[PDB]
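So you can see what is in the structure, the chains are spelled out below.
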Amino acid sequence: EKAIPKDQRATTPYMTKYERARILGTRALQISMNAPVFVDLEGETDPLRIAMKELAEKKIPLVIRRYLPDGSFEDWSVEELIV
Amino acid sequence: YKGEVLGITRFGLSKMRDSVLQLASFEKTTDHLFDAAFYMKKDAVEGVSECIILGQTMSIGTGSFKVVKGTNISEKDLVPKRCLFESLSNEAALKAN
Amino acid sequence: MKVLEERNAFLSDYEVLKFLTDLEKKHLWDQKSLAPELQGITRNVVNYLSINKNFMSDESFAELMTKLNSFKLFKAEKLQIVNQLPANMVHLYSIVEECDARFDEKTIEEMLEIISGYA
Amino acid sequence: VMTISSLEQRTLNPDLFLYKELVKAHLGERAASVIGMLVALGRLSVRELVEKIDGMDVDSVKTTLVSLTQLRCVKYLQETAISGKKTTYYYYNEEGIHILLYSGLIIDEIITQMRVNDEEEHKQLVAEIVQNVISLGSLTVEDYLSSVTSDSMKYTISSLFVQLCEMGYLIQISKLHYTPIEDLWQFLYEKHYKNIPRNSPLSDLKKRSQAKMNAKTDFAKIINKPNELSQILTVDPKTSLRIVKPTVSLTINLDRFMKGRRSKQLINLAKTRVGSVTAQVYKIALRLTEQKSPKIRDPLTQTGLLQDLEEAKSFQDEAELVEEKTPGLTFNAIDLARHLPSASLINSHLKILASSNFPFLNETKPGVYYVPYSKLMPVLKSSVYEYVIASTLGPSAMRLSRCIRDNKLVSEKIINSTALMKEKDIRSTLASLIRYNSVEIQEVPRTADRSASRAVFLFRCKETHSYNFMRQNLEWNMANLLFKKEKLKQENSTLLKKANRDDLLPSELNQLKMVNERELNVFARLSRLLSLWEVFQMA
Amino acid sequence: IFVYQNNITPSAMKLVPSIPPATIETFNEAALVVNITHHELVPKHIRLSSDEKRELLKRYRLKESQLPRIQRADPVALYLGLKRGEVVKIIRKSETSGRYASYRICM
Amino acid sequence: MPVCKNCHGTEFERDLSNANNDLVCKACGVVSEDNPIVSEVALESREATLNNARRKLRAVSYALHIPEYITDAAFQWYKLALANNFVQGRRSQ
Amino acid sequence: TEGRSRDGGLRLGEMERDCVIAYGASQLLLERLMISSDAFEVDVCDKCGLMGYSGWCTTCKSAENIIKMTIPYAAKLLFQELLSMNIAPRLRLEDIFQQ
Amino acid sequence: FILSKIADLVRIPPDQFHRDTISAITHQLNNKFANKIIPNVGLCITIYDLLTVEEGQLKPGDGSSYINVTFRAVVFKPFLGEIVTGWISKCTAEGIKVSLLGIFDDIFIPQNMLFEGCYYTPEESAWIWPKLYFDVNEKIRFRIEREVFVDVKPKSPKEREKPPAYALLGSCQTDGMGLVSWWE
Amino acid sequence: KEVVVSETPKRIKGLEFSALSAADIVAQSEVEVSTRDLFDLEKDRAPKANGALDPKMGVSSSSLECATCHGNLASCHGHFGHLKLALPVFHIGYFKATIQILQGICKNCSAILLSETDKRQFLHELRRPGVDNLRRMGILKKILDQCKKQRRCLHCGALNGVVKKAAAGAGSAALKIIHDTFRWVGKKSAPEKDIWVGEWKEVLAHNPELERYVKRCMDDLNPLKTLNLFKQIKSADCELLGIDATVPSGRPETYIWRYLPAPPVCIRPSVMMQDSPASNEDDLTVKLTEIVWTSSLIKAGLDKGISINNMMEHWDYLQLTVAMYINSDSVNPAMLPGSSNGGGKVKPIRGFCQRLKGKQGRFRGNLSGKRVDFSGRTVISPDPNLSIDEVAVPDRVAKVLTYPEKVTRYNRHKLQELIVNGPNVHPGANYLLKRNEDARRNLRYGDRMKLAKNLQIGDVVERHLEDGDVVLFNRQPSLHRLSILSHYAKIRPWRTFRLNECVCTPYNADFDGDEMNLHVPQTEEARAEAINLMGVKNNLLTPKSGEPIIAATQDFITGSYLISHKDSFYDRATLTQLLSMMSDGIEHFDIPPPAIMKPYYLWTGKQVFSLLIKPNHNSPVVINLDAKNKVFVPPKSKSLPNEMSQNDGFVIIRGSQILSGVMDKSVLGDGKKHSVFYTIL
Ligand SMILES: [Zn+2]
Ligand SMILES: [Zn+2]
Ligand SMILES: [Zn+2]
Ligand SMILES: [Zn+2]
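Residue numbers (the deposited numbering), protein chains in the order written: chain Y, 71 to 153; chain L, 1364 to 1460; chain P, 1 to 35, 53 to 72, 98 to 161; chain H, 31 to 371, 449 to 610, 619 to 654; chain W, 109 to 215; chain E, 1 to 41, 72 to 123; chain F, 1051 to 1149; chain S, 2 to 131, 137 to 166, 189 to 212; chain R, 2 to 682.
Excised from the complex, chain Y in its bound form:
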């Protein structure tokens, strides 16, 4: 019930498509709370559309934690993960 070593990864390295969901939404609300963005931001705004622009650059410094049903945890960073 603890962290799995990065050496062994049993998972699909692709996105969850709920990856895109919570990664985006979370990053957004972060933007709404005024957190520093990691990308050049064009003349537009709002959290969501610029968050999309971030994941285009894959600059989100977050890790999806994943629960195997046995409670064996899991870790994947965005930069680790592939679209």
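These are computed hints drawn from the structure, not numbers from a lab. Heads up, a few of these hints could be off.
Below, computed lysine-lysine pairings styled on DSBU-like, alpha-carbon distance capped at 35 Å [as the list claims (entries may be wrong)]:
hint	chain 1	residue 1	chain 2	residue 2
1	R	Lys149	H	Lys343
2	P	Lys25	L	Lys1444
3	W	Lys171	L	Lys1391
4	R	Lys288	R	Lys360
Assemble the complex: chain Y is given as a structure, and chains L, P, H, W, E, F, S and R with the ligands must be docked to it using the hints.
Coordinates of chains L, P, H, W, E, F, S and R with the ligands only, in the frame set by chain Y:
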């Protein structure tokens, strides 16, 4: 899913599925509520129909996984510090004992 | 919230005051910078911790352990001597067991001359 | 509201509510829960404990448990598991602290053998004897006398010597002794079904009754094994008189305590119906027979197995003649010079037996003076209730319930016919009586299926319920009283720590008699209520 | 193991299973005619060894229970004559994806 | 009766315009409340003679075709008349 | 409130609701069936979970062990409705964090 | 004074992500503790050190991160019998409320071990001895013994002070006590 | 000072469902209800001192406070009370359960009447970890029924019999229960029946109009009898009877009423007084407020006066009244109501088990089915030039349709302005909420301007509905997995909802009367959720068929069929303006060589449609495709490719240039896998 063709219609829906909330959310609400409370079912908070009642975050789907950010900092600065308040005055009581 | 250890390491002030002059030196460094609310403790920190030493050093702490490991002071007065009761007369035996009687003369006296090394 | 009565502390907890405070009033601490949880759920395992109590696993589990053992507060069973090894499941001794729950009254059990030395250091001697016993519960004159000084005539420092035997006192705990009775009967139910030499496979009756016979007669010498054993009684070393066996530890003998206090009741109830002359005669007569009569002990076998609506009588019949005949040899025929305070001619003076008539005794060997016995004690028990409700609630409840005794399931007209006063009162006394047990209710459908006001309302005794409700009494002070004793500890608990080690303040001086004579009120008040409780818990 | 012919008295069921270390297996003669296993619909079931079971749990890191089950005295299970907690690896060959398998336990 | 927490205006203006249906004072701009929570959809000698008294009362009343409302006036008067014991001594009519 | 006229609000029926589950949207439920629906915080007591008010656990009167949390007010409604009738769906709680 | 090993979780708002992690951590630590008094231990001085930083776990409803670490922080509980500087403060007669400036007022030494020969006179003197009175604000060596922690928060709907959470007590058991120039 | 205060974010683990104790009920309740109904009318309209409605128990309208917690309808959640109830009264909710809890216990010493090993046998069966729900129930039956066959209890020695739930289900007096001595086996010697005939013998003798005339009654257990009978259940079995005991709730006693808790006042809402003096009542409070009536009746009655015969019907009538209180079941079997009767049989006396049960009954449609704020409703109308993955939301609702916004950083130079317009004109906002979280600020007062000059970063403004926002969209009867589809919202004039017709087929909207359900979300993460998951383009295929549900219908199909048609042609002009009208502008293009030559120049539809797929060089949509559309006439079996046929043929396309065949549904029409769009996506 358990031993036999069952379920669907309420009368088979008591099979495994243990959540008294939704068992009332379908049919025969009352006697499931009471008869539940009598037998003092320990229950659990699990399903969709479950977790929307109590309104906390859904188990599956978007919520099928927690989200984490890394602190990204080295344990080098996690080392303790002192001038050893304890160590220098240690050796007083160490004698005659 | 939760406490792993309450009674942990008995810690008096030596440079701990100066350590708050450090993080203080790190953050805003009092009103001496003229030449977060946190300063509320800082004045209170530096309040008494400064005066009795006048009415300080670093390596004296190392000089602290030198002849002082020889006594029965335990940790209690052994740490308490650093500040209170300038190791003189009845002050020093008023606390710890058998600082008089069993071991008295040289033990009570060295305290007077060793404290003169710092306080 | 506002906690002044605190129904919480009270209303919702039958039975074990006593126990879990008793042990608490004894120990509490680590020891509290294990008995409470036990009596609560019943059969329990060591491993099974800490998955409920969170009781400082396998230490206070082991510690409190062996604690109860030493004091025999648990019923104790072990057997191999069905795969192998061995497993241990646990029950609670009898009523357990029931032993403690008398104590000072068990101290009064001495007052029978208060005789032969009256108001001596011997009194204080046997006192510290008994309570030292009962604190541990199992000791030897080797262990006790070992702790005791060895410079005080052995046959005197420990003066109760041959007197160790008597009727009450002590019996070595052996095997079955604190072993759960209900099963150990089933343990004996083996070796009979288990030993069938493949005889005939027909009519389990021939298999059962015979096994029963064995199960019966084997069990007899089983429980007769503690009843007496000579190796204790007999020992007479060189240059000595008869002693007990100093070797094995012996334990408080609870039976003759039962029979003793039950006697005391009979002194009261008979004393009520007869005169102090005839009374005290009956009193001193019972002093001999209370030796031999089980009087609470007979159940035993009845407890632990289903009866049979005939075979139930097949137990009852055994109780009909048992004491009456063979212990009748031990019973009154001609007794000589019991005490006297009367004087001069003692013979027809002793014929005062025949003055015994109703509703008990007065059956003898048609020309020897004898009281019926094993028939006596049973139909005696049935009568014992009597007075129990008058200033309990109301005078008038007596005559109606008493009448409700003789008649059965009648009704209010035939009541008010037989009875007196006014419906205004008749309902009240009745209704205020129906508010708990007693009358119960009977009704029958009247020109309908079943309807609210059509039918007739009838009344019944059912002392089964009645004799079995007076435990609610147990749930009153034996429930509560112990608390306000304990609850008052934390009042002076600070002072209790100091005041106990002192031998100061005016209020201290005041609250001394307050809390203390207060303790007189509680404890004495308890034993008061106990003398009443001495019945419906057992017979 | 023995079979009935045409009557199965409940007195025989009152104590059917006398001897715990051994066991019994009961059927009606008319009931057993063409083996259910070989029929068509029931695909092949494979009883699996205890060490094999525990190994399977090593695979999916599954505790006990929490599996598809087989009601004790299922005729097919009776055909294999299982006992408590015993797991079968059942091979379904159906043309959808193709042949594959799953597991059940005897409850 | 209620007063703003800030501007402390003593007058509140209800806005039903946009169908927020809220309440705020022209002194602040800080609302009083959100979504005003609204609703939708024995035997005594006196009381019994009040039953019968309404029976008689109304019946004989609009026997004249008098307005129903007016009847409740007397109903109070009749009830008021019960207080002084003016009612008992004579006939009901 | 109900329908058009008096004032608005619109109907997510069960059959209407569950359509969102096929997309498995966690938060869309919450914002939709909770944060925008009945915004409420029940105050409870770890020991003997029950729903107090402000700073009390009432029946166990402590004013300490309470935890504040947000719940659909329809939920607490259903509770009191139950616990009106004799029944106890005592809410035991536990942390979100530290696993 | 001394040290303690304690654990907790801190909510880190997203803003400080630009700022140093551990520093903002410490910041919110003192924001939570600093002067604040911590029950059944004795008052927190401030954070001393920090350790076991772990990858922070946030909640869905928020999105502002949460990190539960432990650390050893400076608390104040020196020991029971002791002699230390301080002075009489708001007081009447029996016992005196001694204090060090700016720390807390809760130190109140009752009078039991304090010399039986004494006299109080409603005017500048708490008790004068056969050796005399003592002054406010003065550096004063006095003895402490006990501190008792209290919650005292039975907030009632009907209720709408008594905060002796960390409060020290003692008396003058020997010479030089209550006035430093008696010794010295 | 400053005691350290910590919090932990929490969440539910399960629910324990038990019954309260006797004490715990009143341990909750503030007041005894008691008193009588009246709502103490003097000085006021139901000033309701003590009584059923009590100001300290809760609040009803918005006037006064809750005493206990003042702050009235806003802050007070209500509180529970405690009805002292004369005599123990039975309980219907546990009735069918109570027959079982009593079913396995004797009436004599009242001990669990199965015993010994087998008792332990069931026990050891249960506590094994692998034992589960269906095993809980089924087992508890296998132990329960095992009792009935026992004719005789054990250390009581007395026999017993089965209890039948007396009478039928009319429920009138039916809640009374009856067992008895049974199985006479002809005539046997039964000390029960032996005495029994030795009992009636005298009362037979006294009133011989009755006994055999009405006989064979067996006997009951009174709720008063049975409360006793429960109390001597000795610990132990408990879970054997199915109740887990460990000194919390209170062993099988509670399940029959003793102190009925008063439902908290908010859940007993006093209906609007609705003008005048007579306020519209609320029902349950009328019920229990009669339960007080009959209560204090039987409390003052039975205390001094009345009679055993005039007694019960009050009391049995009471249990019918509380059973009636928590449920419908037995309704009015000509039993008539109590104080404030009527008696023309007012139908819906029922208030309670109903309000929790069906349809509009809460626990389905009012809780899982909540009717949710921030929405909108209108009829529809087509907008093809609106892109797919939008909905035209009319400005007039945008004015009242608002979205929560936490201003930050980048936001000001929009948001600082967006206020200056105010609620009136569309590109604006209305509500403001500062960083100091006071309450909120509604655009009503005035200012802005210098107000907006303040605008802390952590502030909050509620925008109107701006161009290309996040929205989710619905039709009334949820069919399948397309019930809700988000959209970037674009604002347009007039008033109605307008979507792109190609997405009709999921909604199967015929337009006409169809009224959609328009939603906007509030919290952020739900936005990115709906749009970037539940959104149109992502869901462009419907799952069940694995098919692209959304495509052109009707016009757009037949329209294509005309431009696609072989017999068509187009010239430099016609094609030009078309390729314009195909994407209104906005795009560079390239013209493939003309379909024909020296007899002028032209292009055919197959081309001009080919560009629709691949309009440009830089267009990443290189496609090959082939299939049968419908209305296909097979060629002569000679020609092997069906591509050359009588009518058109296989649609076939290579490198995203149409080779042969008209399109017409088929490729562009959903309805199949082989498709223009399905291939594309
Ligand atoms: Zn205002
Ligand atoms: Zn609580
Ligand atoms: Zn309130
Ligand atoms: Zn029985």
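Okay, the hints, checked on the actual structure:
Taking the CA atoms of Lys149 (chain R) and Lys343 (chain H), the gap is about 23 Å. The hint holds against a cut of 35 Å. At roughly 18 Å between alpha-carbon atoms, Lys25 (chain P) and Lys1444 (chain L) fall within 35 Å of each other, so this suggested pair holds. A hinted pair counts as satisfied when its Cα atoms are at most 35 Å apart, and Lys171 (chain W) with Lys1391 (chain L) qualifies at roughly 33 Å. Between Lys288 (chain R) and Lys360 (chain R) the CA atoms are separated by roughly 24 Å; this keeps the pair inside 35 Å, and the hint holds.
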